[PDB]
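Student: In case you want the letters, here they are:
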Amino acid sequence: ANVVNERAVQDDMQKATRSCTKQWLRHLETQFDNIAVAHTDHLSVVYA
Amino acid sequence: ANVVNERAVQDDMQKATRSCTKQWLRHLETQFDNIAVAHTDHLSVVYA
Amino acid sequence: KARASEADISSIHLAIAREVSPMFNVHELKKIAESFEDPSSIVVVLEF
Numbered sequence: 660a661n662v663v664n665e666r667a668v669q670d671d672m673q674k675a676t677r678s679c680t681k682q683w684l685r686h687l688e689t690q691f692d693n694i695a696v697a698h699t700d701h702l703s704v705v706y707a
Numbered sequence: 660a661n662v663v664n665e666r667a668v669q670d671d672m673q674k675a676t677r678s679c680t681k682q683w684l685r686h687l688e689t690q691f692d693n694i695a696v697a698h699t700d701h702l703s704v705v706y707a
Numbered sequence: 467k468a469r470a471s472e473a474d475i476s477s478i479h480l481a482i483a484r485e486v487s488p489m490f491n492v493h494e495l496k497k498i499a500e501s502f503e504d505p506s507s508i509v510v511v512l513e514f
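Residue numbers (the deposited numbering), protein chains in the order written: chain A, 660 to 707; chain B, 660 to 707; chain C, 467 to 514.
These are calculated hints, taken from the structure and not from any lab test.
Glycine is no exception: its CB is placed at the ideal position from the N, C-alpha and C atoms.
Among the hints, a few may not be true.
[Stated by the list, open to error] Restraint-style ranges between C-beta atoms, simulated for each label pair: (1) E472/C with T699/A: 21 to 31 Å; (2) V704/B with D504/C: 28 to 38 Å; (3) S678/A with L687/B: 25 to 35 Å; (4) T699/A with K674/B: 19 to 29 Å; (5) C679/A with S703/B: 27 to 37 Å; (6) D474/C with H701/A: 16 to 26 Å; (7) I498/C with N661/A: 16 to 26 Å; (8) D671/B with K467/C: 34 to 44 Å; (9) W683/A with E485/C: 19 to 29 Å.
[Unchecked claim] Chain A residues, not near chain C, derived (Cβ > 12 Å throughout): (10) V662; (11) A667; (12) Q669; (13) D670; (14) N693; (15) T699; (16) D700.
[Said to hold, decoys possible] Dumping the calculated BS3-like pairs for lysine-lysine here, alpha-carbon to alpha-carbon at most 25 Å: (17) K681/B with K674/A; (18) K674/B with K674/A; (19) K467/C with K674/A; (20) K681/A with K674/B; (21) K467/C with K497/C; (22) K681/A with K467/C; (23) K496/C with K467/C; (24) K681/A with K681/B.
Based on the provided sequences and hints, a complete structural model is requested.
Tutor: Written as structure tokens, this is what we have:
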């Protein structure tokens with residue numbers, strides 16, 4: 660977040676074009692949290 | 660980009676109209692990086 | 467939507483199998499043609 664936030668203000672682009680990036684970054688949080696249970700419980704025994 | 664920036668804040672124009680200028684000034688950068696390999700490697704031996 | 471491809475099962479299962487397999491021919495990367503122009507090009511960084 661802090662890398663793309665400092666990069667967008669270097670080119671002083673829109674508030675909406677920067678927040679819609681950061682709403683997408685923590686949408687990847689929500690999609691990661693739903694699949695992180697099934698990787699560490701069921702993919703981890705397959706690699707074992 | 661610092662000449663067109665102080666020109667814009669002197670006449671207090673929009674955040675979008677100033678950022679869309681600067682997004683174009685680095686769209687020339689990608690188009691200059693992709694073809695400066697072809698000038699300095701094949702145009703320069705033609706001028707030589 | 468440029469980076470993300472359709473969910474083909476014959477290459478997702480192939481990616482899991484490469485992790486604990488031996489390597490006999492040295493692998494190389496599918497070429498990613500990016501310029502990192504815009505702050506929206508952080509997608510390729512999150513891909514890595």
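Student: Now tell me if each hint is right for this structure.
Tutor: Hints, one by one, checked against the model:
1. The given range of 21 to 31 Å is respected by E472/C and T699/A, whose C-beta atoms sit roughly 26 Å from each other.
2. Between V704/B and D504/C the beta carbons are some 35 Å apart, a value that agrees with the proposed interval 28 to 38 Å.
3. Range check, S678/A to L687/B: about 28 Å between beta-carbon atoms, so the 25 to 35 Å window is met.
4. At roughly 44 Å, the beta carbons of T699/A and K674/B sit outside the given window of 19 to 29 Å.
5. For the pair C679/A and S703/B, the supplied restraint of 27 to 37 Å is violated, since their beta-carbon distance comes to about 44 Å.
6. Checking the proposed 16 to 26 Å range against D474/C and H701/A shows it holds: the Cβ atoms sit about 21 Å from each other.
7. Range check, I498/C to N661/A: Cβ separation about 24 Å, and the 16 to 26 Å hint holds.
8. Remark: the range hint 34 to 44 Å for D671/B to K467/C is upheld by a beta-carbon distance near 37 Å.
9. A hinted range of 19 to 29 Å for the beta carbons of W683/A and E485/C is consistent with their spacing of about 28 Å.
10. Not every C-beta of chain C lies more than 12 Å from that of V662/A, the closest at about 7 Å, which undercuts listing it as non-interface.
11. In this structure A667/A is not separated from chain C by more than 12 Å, as the shortest Cβ-Cβ distance comes to only about 5 Å.
12. For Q669/A, the requirement that its beta carbon stay farther than 12 Å from each beta carbon of chain C is not met, with the minimum near 9 Å.
13. Against the 12 Å criterion, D670/A falls within the reach of chain C, whose nearest CB is about 8 Å from its own CB.
14. With 12 Å as the threshold on Cβ separation, the claim that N693/A sits away from chain C holds: the shortest Cβ distance comes to roughly 16 Å.
15. Distance check for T699/A against chain C: the nearest CB is about 14 Å away, which clears 12 Å, and the non-interface claim stands.
16. With a minimum CB-CB distance of about 15 Å to chain C, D700/A clears the 12 Å threshold, and the non-interface call stands.
17. Our distance criterion of 25 Å between C-alpha atoms is met by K681/B and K674/A, whose separation comes to about 16 Å.
18. A threshold of 25 Å between alpha carbons decides the hint, and for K674/B with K674/A the separation of about 9 Å falls inside it, so the pair holds.
19. Proximity of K467/C to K674/A is assessed by CA-CA distance (about 23 Å); at most 25 Å being required, the pair is judged to hold.
20. Distance check on the hinted pair: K681/A and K674/B sit about 19 Å apart at the alpha-carbon level, within 25 Å; holds.
21. For the hint linking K467/C to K497/C, the alpha-carbon distance of about 17 Å falls within 25 Å, and the restraint holds.
22. Distance restraint check for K681/A and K467/C: the Cα-Cα separation of roughly 17 Å lies within the 25 Å cut-off, and the hinted pair is therefore satisfied.
23. Distance check on the hinted pair: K496/C and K467/C sit about 17 Å apart at the alpha-carbon level, within 25 Å; holds.
24. With a CA separation close to 21 Å, the supplied pair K681/A and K681/B stays within the 25 Å bound.
Checked against the numbered hints listed earlier, the structure breaks hints 4, 5, 10, 11, 12, 13; every other hint is satisfied.
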